[PDB]
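Asks: The primary structure of each chain is shown beneath.
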Amino acid sequence: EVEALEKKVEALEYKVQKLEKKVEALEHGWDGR
Amino acid sequence: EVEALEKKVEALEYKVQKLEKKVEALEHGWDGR
Amino acid sequence: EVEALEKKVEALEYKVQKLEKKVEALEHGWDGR
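Top line first, the protein sequences correspond to chains A, B and C. Using the working numbering, you'd call the opening residue of the first sequence number 1158 and step up by one each time. Using the working numbering, you'd call the opening residue of the second sequence number 1158 and step up by one each time. Using the working numbering, you'd call the opening residue of the third sequence number 1158 and step up by one each time.
Warning: the hint list may mix true and false statements.
Identical copies carry no separate label here, and so any pair may be met within one copy or between two of them.
In silico DMTMM-like links for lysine to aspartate or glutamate, alpha-carbon gap of 20 Å or less [unchecked claim]:
#, residue 1, residue 2
1, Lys1172, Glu1184
2, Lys1175, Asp1188
3, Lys1165, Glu1177
4, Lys1178, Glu1160
5, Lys1175, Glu1158
Keep in mind the hints are simulated off the structure, nothing from the lab.
Can you make the complete structure from the sequences, with help from the hints?
Replies: Here it is, written out as C-alpha cells:
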C-alpha cells in the first residue's frame, strides 16, 4: 500500500510542477501569452 | 494513517486531472479562450 | 515512510489549492485577466 502511494505521489509531484510552470507562464504572459 | 493518505491522494488525483484539462484549454485557446 | 508521504501530500494539497485559485481567476477573467 505504501509503495502504491509513493508512486502516485511522485507522479502527482511531477504533474503539479508542470502545472505550476504552465500557470506561471499564463499569469506572467510569457512568450506571447 | 494509510487510509487517510489514500483518500487525500485520490482527491488530489481528481483535482490535478481537472486542472490539467483546464490549463490545456487555456494554453490551446479552446472554445473561445 | 508514512511521515515522508504525509508531508509530501500536505505540500501537494497547498500547491493544488493555489493552482485552483489561479486557474479560476484566469478562467473567470478576474481582476483584468
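Asks: Please flag the earlier hints that this structure goes against, numbers listed from lowest up.
Replies: 4, 5
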